[PDB]
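A single protein chain has been removed from this complex, and every other one stays in its place.
By letter and in written order, the chains are A, B and C; residue numbering begins at 1 in each of them.
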Amino acid sequence: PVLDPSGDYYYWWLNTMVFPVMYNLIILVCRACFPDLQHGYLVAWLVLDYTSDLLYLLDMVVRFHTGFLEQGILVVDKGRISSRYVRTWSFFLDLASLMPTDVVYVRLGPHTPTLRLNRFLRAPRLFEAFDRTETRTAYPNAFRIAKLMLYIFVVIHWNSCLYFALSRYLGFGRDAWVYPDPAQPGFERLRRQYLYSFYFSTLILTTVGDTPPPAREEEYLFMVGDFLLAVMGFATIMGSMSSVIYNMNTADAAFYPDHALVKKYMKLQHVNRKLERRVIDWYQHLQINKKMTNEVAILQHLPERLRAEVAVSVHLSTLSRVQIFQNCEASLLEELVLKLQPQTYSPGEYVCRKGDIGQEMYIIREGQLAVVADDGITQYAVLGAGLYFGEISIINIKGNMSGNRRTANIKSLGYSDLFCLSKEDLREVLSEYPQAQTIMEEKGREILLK
Amino acid sequence: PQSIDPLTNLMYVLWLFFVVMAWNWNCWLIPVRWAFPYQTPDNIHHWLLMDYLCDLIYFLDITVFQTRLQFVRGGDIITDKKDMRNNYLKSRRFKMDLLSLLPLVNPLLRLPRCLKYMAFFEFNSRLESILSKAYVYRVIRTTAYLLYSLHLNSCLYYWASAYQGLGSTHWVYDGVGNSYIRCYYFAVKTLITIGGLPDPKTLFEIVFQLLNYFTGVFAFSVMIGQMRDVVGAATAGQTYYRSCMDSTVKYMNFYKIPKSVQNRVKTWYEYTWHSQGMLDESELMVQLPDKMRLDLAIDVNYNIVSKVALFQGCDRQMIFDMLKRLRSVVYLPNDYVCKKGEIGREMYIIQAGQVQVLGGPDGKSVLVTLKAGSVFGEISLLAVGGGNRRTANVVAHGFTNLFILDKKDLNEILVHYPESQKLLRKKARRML
Amino acid sequence: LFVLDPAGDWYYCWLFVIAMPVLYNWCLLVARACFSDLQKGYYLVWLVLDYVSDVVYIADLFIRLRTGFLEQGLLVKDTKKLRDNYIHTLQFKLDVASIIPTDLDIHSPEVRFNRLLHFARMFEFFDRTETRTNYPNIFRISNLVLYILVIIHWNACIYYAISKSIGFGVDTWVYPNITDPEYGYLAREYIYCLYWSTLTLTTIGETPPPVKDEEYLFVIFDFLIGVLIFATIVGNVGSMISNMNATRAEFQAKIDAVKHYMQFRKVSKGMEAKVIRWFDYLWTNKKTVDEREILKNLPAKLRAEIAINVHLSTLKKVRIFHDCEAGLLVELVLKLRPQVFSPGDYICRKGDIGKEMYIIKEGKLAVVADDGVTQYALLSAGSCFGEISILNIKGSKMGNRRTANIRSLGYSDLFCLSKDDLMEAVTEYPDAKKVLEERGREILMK
Partner (left out) sequence: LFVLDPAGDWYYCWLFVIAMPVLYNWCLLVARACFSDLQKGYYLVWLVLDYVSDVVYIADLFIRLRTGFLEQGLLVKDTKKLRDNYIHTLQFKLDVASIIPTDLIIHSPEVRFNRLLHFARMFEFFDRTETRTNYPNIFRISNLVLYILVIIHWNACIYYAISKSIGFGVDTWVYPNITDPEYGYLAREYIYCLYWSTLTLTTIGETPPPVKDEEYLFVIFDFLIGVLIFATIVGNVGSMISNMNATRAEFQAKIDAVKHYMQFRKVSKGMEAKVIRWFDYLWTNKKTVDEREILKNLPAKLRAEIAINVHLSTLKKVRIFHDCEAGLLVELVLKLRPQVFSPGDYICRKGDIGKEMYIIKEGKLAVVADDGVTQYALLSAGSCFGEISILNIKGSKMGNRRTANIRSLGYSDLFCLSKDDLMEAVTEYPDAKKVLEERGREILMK
């Protein structure tokens, strides 16, 4: 079998790869800096060590079985994939990532964490899995906070390991800045050794301060670098975190946009309190039912061919119930979803009034509309959903009285959403399908009779 | 001056500056005299003299300068003095002025004198309109707000230190040295949230520090954020050009465009930014209204379009129409503006720089070297059916700016004036 | 038997009634449990407040069962339909568990923590108030300050709870011994713990250093979530004020751009002074905002009908619209666009082709002739002009050309109507141009 980078099986392998990498990123520097950590759990490290190298070996085999897209067609031939892979710089990096240190492992010592530093070269594989997860995740903003929090903890962990490493070289108990003497009962344990280093690293990096003053020239240099790292690099991560909040702000601005902009223009004009109340009541609805004000801007991002298909599945229940639609070949549907325009109507608002030239097809996506007489005392009928009205005005009907003018005025009973389609556009739809012309002709002449 | 125009009167701007100075004196010296014991029976005479001068200028503003101010109503400017006084009376500004000027020795008795901030805002707006490079003044006013906040905290800290026993606790101010400097030091450490102060002991000290730190984090962040907004808005244009150039260079490096073309694109970008001060001025043109954009176009290009050989005095209205239609794009040096083979679709007017008409055996010769305020390319556009090609190649001797008139737009203005069209074609035929 | 309307103001009033007990339960339950002196001293106060809160929680069951829902654009009065909508969703199980009895000590507050699960009504009130209020930015700041003050209050209770588990006075980090009279009274305990949490959460520092290993882990965790809070305070509060002043900043950016264009083009001062005056005119009267840009999101039927209300005084003053009494006004008002002209600028000139008809809204326009010092006629607001030129008539002295110059004596605001939109109106009503021709004829010999 040959894996597909677009396939889900390759994505699950990327998420599996990050666990050996994270152990390689965090534990190895901790083992090198802390001598008691290596000797304490020597058996437990080797079991997790060999699993990490075997996973790295398996990643090499997967790379040879992952196809690449040439001319838009996936390649399944293993010979041509291998020729591409060895040309790439990743294979050279991956060879050095698992470059065998066992030949020099025994000479340096029994086990040396410092020799396995070449495992750091597999880090680009981790970053690729972060990118692939973020695109297909259900909650993107939660992942960005989690990813930025992971970078914070690693940076503090590396700085805490360096502080303990410098303390051991200078000597414990030399002054107040360095790690205290292990003769103290609290600081004897290994658990205190890390917690104190992490607490010391947290104070500097997060700009809290409250640290013992340095006493030696080496310690002054270490604090200058840590202060300088905190002011820019830490502020960069928190600067990115504020953008994630601002991204949520933009999403909140996407919901009912320009709500305050409407209010300030209305309030300054103060033309009428009743017209203001209708605007507020309409705007307040769309927060409750949670309609997007404009979906056309969202669909604009998608390509035109994919724009029509996505809109088909959203309104599929409406399209099927229309007696016009799906005449033959199921191909008229792609043309009409793009041309249709959504509209929302308030109760008592006449969609089109009698004696007016109407240009809109007015298919009913949702909501009940009752056609009514001009006096309004009696309603001829009510249209539940998925029905057409006003189509007589667009089509040319032989022997039609006041063909441009609407015979009846229709009033929306409750809140309703409609799709309106222009006259010139409907003539294009009729020109493609002769059957649609017949249905308009027979239905439009019957209502004229009654 | 019986009538003062608020928008343009330098005298009015100066008077607003004086009123702002008096208001600043009041708003800065009221906390110090209220909290610190800087008011002595000897110094009180100087204090009353300064306060009397400030009250005098406050009174004179209302009496004269706010009474005499021209206004508009229904698009009509009014100079009448009684109507001016009535309009000043019917305003929020008069209400604020009288509320500040109500009389109401306690240094806190003059507290309603700081209600005059309409004067401060109008002075800010007037200096912001008149003075060029006002971003530095934006920075100055923002940092002045921050320093004023520090001042209030320094005075509040001294007030708390006076309310408790001086030197009773480590938090409370001991009293040695200059009082304002040490209290200001306490303010700087707490507001910037630096830390290192002696810890509070008494509940009053604890609640003081807790409120000071809380207000400090929120307000200080807002003041710093406003400073970042001001400096970003100052550098926004350079950021815009740098982003566009970075994107273009990154794209052209990604697609492996040759280095000569890359260098020519970079040179064009650099030269047009240094010369124009902007990239793609058409967008700013469409943000501006139609009449103002047209009037700007006439004002900038009337001399160039009027001093041409083809259309001199033929039709003033057609001159205005071409002032609407003309656009400009810089041409790089040694570039061919037109080639003999290509069909001619555009008319070029040289705003600046020198272009050389190339004609001769194997070309490579200069017949006429055109200068600024000249036209070329008319033969291909104005011919029998328009099918005639360009007669000779034209190149830029160096960096040059050309005014481009489209064939369709020029023909559109020609169908309205066939009489001037006849003369223009007659001259174009006489050239050949 | 009543069905509450979700859109009604009575539902919003009930949202305020439910929100206060939820806010009381969040702020005080974690403070009553951790501070033993708070529960004992004010035991009579908590009994009344808990009983008041418990009725409001129970009263929310009856309201939520009778809360209406919009199906097919119409609300439902059926009790069965309302019951089936709410008794099946997850909120009913959460709401029932909020009001389960604690009999299975009752007066103690650690057993009444089940009232915290009704946080849905708390978040809905803040969301609903933002839309209804006139000033959303200041309310958003007030909502965010309330959120931050809860965590600081919640952190203070946890810090005192940890100190009670370890023991007071056994090390420097914990709160000092309660038996000591200085630290005994409750006001000292609550303020200092609130003072302690604010310093740690906002990364102030100055807290006493931890001594034992368990205290190290809590302090490190408090700092890490503290920088999350500091990102919100810098981010949200800084952005709300920045977005509050976004209207002024856009206009100021435009002025600087035109000024930069002034230097590059070497524009004459008199034109430059004219440009900055006209900008200053718009800024003072606050007419720089365009209604067609703001109202473009709002659907067309309501958008058209609010526009007839804003210009109702001018449209009623139009003799053309009032006399015909036809239906062309509803579509033409949307086509109509505003234009502002500076004083001394000639809107129309004789010998110039005309493509638009202009209706004055607020301006003292003059029909000037020759130099322009003398005026052929005087024109007032609400009077249309230029309609003889764009509608060509066979019996005309001149065609598609202005007969007389039109100039603005002062700052004039008028409305422009293009020729093509008038052609659209002609397809609806062709009788209007014939009446206009007869009035247009008498202008020609005069």
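One rule holds for everything that comes next: a contact is a pair of C-beta atoms (placed from the backbone, for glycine too) under 8 Å apart; a residue touches a chain by one contact, two chains touch by 3 or more.
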item: Candidate in contact with the missing chain, chosen from A:24, A:97 or A:207; value: A:207
item: From A:16, A:247, A:323 or A:404, residue that would touch the chain that is not displayed; value: A:247
item: Which of A:124, A:186 or A:239 contacts the chain that the document leaves out; value: A:239
item: Residue among A:314, A:373, A:381 or A:382 touching the omitted chain; value: A:314
item: Those residues of subunit B which, in the complete complex, touch the missing chain; value: 143, 147, 177-178, 181-182, 184-185, 188-189, 192, 194-196, 224, 227-228, 231, 242, 244-249, 251-255, 257-258, 261, 264-270, 279-280, 329-331, 333, 335, 341-343, 352-354, 372, 396-401
item: Interface with the undisplayed chain - residues on subunit A; value: 5-6, 69, 71-74, 131-132, 134-136, 138, 140-141, 204, 207, 209-211, 214, 217, 220-221, 223-224, 227-228, 230-232, 235-236, 239-240, 243, 247, 250-251, 254, 290, 292, 295, 298-299, 301-306, 309-310, 313-314, 331, 432
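Operating definition for what follows: only the chains that are shown with their structure count from here on.
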item: Centre-to-centre distance between subunit C and subunit A (centres being mean Cα positions), rounded to whole Å; value: 26
item: Distance between chain centroids, defined by C-alpha means - subunit A, subunit B (Å); value: 38
item: Subunit A: positions in contact with at least two other chains; value: 209-210
item: Sequence positions of subunit C contacting 2 or more other chains; value: 203-206, 230, 234
